[PDB]
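So the chains spell out like this:
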Amino acid sequence: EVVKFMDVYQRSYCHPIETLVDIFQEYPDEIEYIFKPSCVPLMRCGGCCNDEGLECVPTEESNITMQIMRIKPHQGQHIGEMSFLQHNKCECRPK
Amino acid sequence: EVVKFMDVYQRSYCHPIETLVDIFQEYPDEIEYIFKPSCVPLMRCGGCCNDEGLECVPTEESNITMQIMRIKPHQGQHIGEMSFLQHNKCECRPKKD
Numbered sequence: 040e041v042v043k044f045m046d047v048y049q050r051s052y053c054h055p056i057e058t059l060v061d062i063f064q065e066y067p068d069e070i071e072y073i074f075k076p077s078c079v080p081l082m083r084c085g086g087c088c089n090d091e092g093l094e095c096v097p098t099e100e101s102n103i104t105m106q107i108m109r110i111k112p113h114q115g116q117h118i119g120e121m122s123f124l125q126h127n128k129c130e131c132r133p134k
Numbered sequence: 040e041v042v043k044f045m046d047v048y049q050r051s052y053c054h055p056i057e058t059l060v061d062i063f064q065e066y067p068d069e070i071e072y073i074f075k076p077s078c079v080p081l082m083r084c085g086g087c088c089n090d091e092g093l094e095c096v097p098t099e100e101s102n103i104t105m106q107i108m109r110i111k112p113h114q115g116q117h118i119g120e121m122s123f124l125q126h127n128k129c130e131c132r133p134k135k136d
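Those sequence lines, one after another, are chains B and A. Take 40 as the starting number for the first sequence in the deposited numbering and just add one per residue. Take 40 as the starting number for the second sequence in the deposited numbering and just add one per residue.
No wet-lab data here; the hints were simulated from the structure. Be careful, since some hints might not be right.
The calculated DSSO-like cross-link candidates involving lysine-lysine, where the alpha carbons are at most 30 Å apart (straight line), are [as the list claims (entries may be wrong)]:
| # | chain 1 | residue 1 | chain 2 | residue 2 |
| --- | --- | --- | --- | --- |
| 1 | A | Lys43 | B | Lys75 |
| 2 | A | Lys75 | B | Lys43 |
| 3 | B | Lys43 | A | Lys111 |
| 4 | B | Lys128 | A | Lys134 |
| 5 | A | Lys134 | B | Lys75 |
| 6 | A | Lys43 | B | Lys111 |
| 7 | B | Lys128 | B | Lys43 |
| 8 | A | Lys75 | B | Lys75 |
| 9 | A | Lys134 | A | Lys75 |
| 10 | A | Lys128 | A | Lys43 |
| 11 | B | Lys111 | A | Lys135 |
| 12 | A | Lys43 | A | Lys75 |
| 13 | A | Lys134 | B | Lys111 |
| 14 | A | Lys111 | B | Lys134 |
| 15 | A | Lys128 | B | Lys43 |
| 16 | B | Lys111 | B | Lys75 |
| 17 | B | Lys134 | A | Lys75 |
| 18 | A | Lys135 | B | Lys128 |
| 19 | B | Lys75 | B | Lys128 |
| 20 | B | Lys75 | A | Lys128 |
Chain B extracted, bound-state conformation:
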């Protein structure tokens, strides 16, 4: 089965897609705690635009809260709520 040009185009065009995101790229300032899982499923703008001068950026955003196991090594564990940015809408705009 060869993927036809048009649905390659439609499926790849700039839009929100579930992205597995490292928690440390979302909370770089965390120094004490270890997180499990280390990564989370977040709806994020991805894909391509119809000109190389355009770029795929979010226009709408909403926050999402997830249960994450927060570990202080050799000290203890607790499951807590953490908030992450998600993209509801995306647009191809100049760089």
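Fit chain A to the known structure of chain B by using the hints.
Chain A only, in chain B's frame:
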């Protein structure tokens, strides 16, 4: 609603996930041509593993064929087949790098 711990874990664990890949990452020597679209949807290994000494790697791979428009600048365009590597199955395996 708040996503349950177990749902986060199952959805984020090392597995094949649809990934938007730039054609120029898969064919870096072909930048004399312009490809529309410039990125394609590929099933690739992604997500996280339950121990520091583990990485998420493919264990089964296959090729997918896609119709892509190839532009030779100021000459013409051609829609032709182009093969891309897909990951069919993934596992957390001891690091090897």
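Each hint tested on the structure:
no.	hint	verdict
1	A:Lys43 / B:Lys75	holds, 13 Å
2	A:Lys75 / B:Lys43	holds, 13 Å
3	B:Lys43 / A:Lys111	holds, 21 Å
4	B:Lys128 / A:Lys134	violated, 37 Å
5	A:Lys134 / B:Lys75	holds, 19 Å
6	A:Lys43 / B:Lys111	holds, 21 Å
7	B:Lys128 / B:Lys43	holds, 26 Å
8	A:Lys75 / B:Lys75	violated, 39 Å
9	A:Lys134 / A:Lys75	violated, 36 Å
10	A:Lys128 / A:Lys43	holds, 25 Å
11	B:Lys111 / A:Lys135	holds, 28 Å
12	A:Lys43 / A:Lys75	violated, 40 Å
13	A:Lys134 / B:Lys111	holds, 24 Å
14	A:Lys111 / B:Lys134	holds, 24 Å
15	A:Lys128 / B:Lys43	holds, 24 Å
16	B:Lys111 / B:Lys75	holds, 11 Å
17	B:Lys134 / A:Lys75	holds, 19 Å
18	A:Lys135 / B:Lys128	violated, 38 Å
19	B:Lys75 / B:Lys128	holds, 28 Å
20	B:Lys75 / A:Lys128	holds, 22 Å
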